[PDB]
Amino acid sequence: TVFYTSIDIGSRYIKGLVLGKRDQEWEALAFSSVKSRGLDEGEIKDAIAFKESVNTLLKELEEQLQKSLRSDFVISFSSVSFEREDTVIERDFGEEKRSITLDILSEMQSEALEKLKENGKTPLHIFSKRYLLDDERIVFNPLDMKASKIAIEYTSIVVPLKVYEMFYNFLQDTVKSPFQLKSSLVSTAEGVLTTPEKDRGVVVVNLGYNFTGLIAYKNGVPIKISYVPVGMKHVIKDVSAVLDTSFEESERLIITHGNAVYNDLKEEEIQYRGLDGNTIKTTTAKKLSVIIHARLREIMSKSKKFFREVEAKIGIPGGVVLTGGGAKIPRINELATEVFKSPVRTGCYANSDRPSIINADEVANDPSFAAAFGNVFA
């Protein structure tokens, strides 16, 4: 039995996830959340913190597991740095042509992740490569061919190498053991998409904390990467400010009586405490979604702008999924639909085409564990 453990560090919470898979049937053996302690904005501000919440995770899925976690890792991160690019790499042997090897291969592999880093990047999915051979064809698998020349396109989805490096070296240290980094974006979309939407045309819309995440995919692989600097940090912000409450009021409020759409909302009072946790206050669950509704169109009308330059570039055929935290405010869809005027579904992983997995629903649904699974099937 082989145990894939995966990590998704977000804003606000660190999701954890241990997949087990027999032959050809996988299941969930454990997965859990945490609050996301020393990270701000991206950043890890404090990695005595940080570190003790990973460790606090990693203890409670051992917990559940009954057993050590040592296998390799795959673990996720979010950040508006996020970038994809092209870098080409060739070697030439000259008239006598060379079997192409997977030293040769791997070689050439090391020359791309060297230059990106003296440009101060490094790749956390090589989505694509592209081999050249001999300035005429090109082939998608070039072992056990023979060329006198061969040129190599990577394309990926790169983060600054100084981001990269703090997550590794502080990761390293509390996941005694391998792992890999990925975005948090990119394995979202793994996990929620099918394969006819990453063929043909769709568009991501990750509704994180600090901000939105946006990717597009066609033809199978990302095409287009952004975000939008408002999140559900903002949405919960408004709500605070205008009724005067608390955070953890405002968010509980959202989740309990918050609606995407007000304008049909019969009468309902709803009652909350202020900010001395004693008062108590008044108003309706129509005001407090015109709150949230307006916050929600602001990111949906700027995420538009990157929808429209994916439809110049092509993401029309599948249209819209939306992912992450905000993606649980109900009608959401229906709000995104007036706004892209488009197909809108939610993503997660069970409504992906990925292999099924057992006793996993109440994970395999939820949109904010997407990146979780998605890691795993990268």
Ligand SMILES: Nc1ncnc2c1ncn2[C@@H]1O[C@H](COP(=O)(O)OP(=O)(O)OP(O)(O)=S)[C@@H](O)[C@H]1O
Second form
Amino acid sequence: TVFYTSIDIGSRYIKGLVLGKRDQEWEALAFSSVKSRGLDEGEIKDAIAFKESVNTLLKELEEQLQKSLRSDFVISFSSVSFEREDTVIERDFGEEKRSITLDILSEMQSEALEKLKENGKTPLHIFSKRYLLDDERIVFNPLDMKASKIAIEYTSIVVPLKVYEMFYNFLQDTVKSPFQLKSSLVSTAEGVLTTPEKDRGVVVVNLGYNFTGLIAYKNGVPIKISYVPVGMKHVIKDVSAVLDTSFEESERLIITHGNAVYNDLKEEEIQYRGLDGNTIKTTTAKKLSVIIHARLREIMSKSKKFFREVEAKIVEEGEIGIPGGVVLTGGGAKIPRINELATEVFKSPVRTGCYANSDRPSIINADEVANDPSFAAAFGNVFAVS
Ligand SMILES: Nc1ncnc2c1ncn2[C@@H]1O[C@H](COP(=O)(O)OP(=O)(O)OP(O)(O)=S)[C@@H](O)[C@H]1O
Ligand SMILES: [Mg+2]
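Please could you give me the other form, the form deposited with the named molecule bound, since above is the form solved without the named molecule?
To see the whole picture, the full complex is given below, headed by that same chain.
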């Protein structure tokens, strides 16, 4: 039995999941979400507040287990500074043929790591985009083959070295166990997509708090990664501005009553407190949905630029359109009727992403969070890119 603690560090919530694996079998042992403190705009802005928020989650998880289990950690975070980088590493053995070994592959991959580091970048995910043996044949796994020459093109999802170091050092400090750091957006895609979507082409739109993350898959791997710098935080701010209420009351209103489609709504009255925390004010669910709307149309319209960019890259491989359409994830994916709005914008199939609707293995007792789009990355963290 191996145990994993997966943590997905968002700028509004930190989510955690403890899993156990035996043979082919997985079970969920604990899960929770806490308020995030000290992160903003993809950066730790208050390390002491960050540490305490993380600690608060670990304490919940341990109360659920009732046992002080050892596990290995996998921890993901979001950032607008994720980028895709391509690196080629070549080994020429001259005249003789030799067996390609785990040693040779491990060394070539170390080399690609150093080449990205020399360029001030650290990969959170690295995989091979192509193996080429003797300048003439493409293989998918070169292990035990014979070649005089091997070239490997790696695709990496990287962040700046200094971003990596800050997270690594604070986390090591807090988590007192071996850990690996990952991209929340890559792990979201791994937690929610099916294998035929990842192979034939699909776009994940992550409706997060500080910004909307965008990632596209083809041939089983990420082919493009980007963002729109407008997220649920701006929707919250719009409501707080029109109603004159606190950030917290505006988010409560959105989560409680928000709808992405307003044009058929009744004028149901809803109540909230003004900034003095005391006066009761009144609006309608329709009116709240009118605010929400404009900003969500904005986010989906700017994400459509990325969708069309991908659609061009995918059509070059002989696909018609992006066959998988759009999968919506993150907190904003829980707004009622968001898929209806996204379908009007994208003119494409749109579904909600969650671990339950991927084709990943059933996890015993995981249902409550397997069905939650904001837990996708927490699951995806325990799986790797093809
Ligand atoms: N049921 C809900 N209905 C509507 N909105 C919700 C719901 N639950 C959460 N949200 C919204 O989603 C925002 C949080 O989104 P999440 O994706 O969980 O944030 P995050 O994971 O902390 O963000 P990232 O990944 O750092 S940019 C919240 O502020 C709410 O506005
Ligand atoms: Mg997130």
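Positions refer to the first chain, counted from 1. Take the two forms, superpose them, and find the largest set of C-alpha atoms that agree within 1.5 Å; that set is the rigid core.
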Notebook entry, point to check: Pick from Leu193, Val235, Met300, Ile100: whose Cα moves by 2 Å or more between the two forms, rigid core superposed?
Noted result: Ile100
Margin query: Please state whether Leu69 has a C-alpha shift of 2 Å or more between the two forms, with the rigid core used for the fit.
Written below: yes
Margin query: Checking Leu161 here: with the core superposed, does its CA move 2 Å or more between the two forms?
Written below: no
Note to self: My question is whether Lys149 is one of the residues whose C-alpha shifts by 2 Å or more between the two forms, given a fit on the rigid core.
What the structure shows: yes
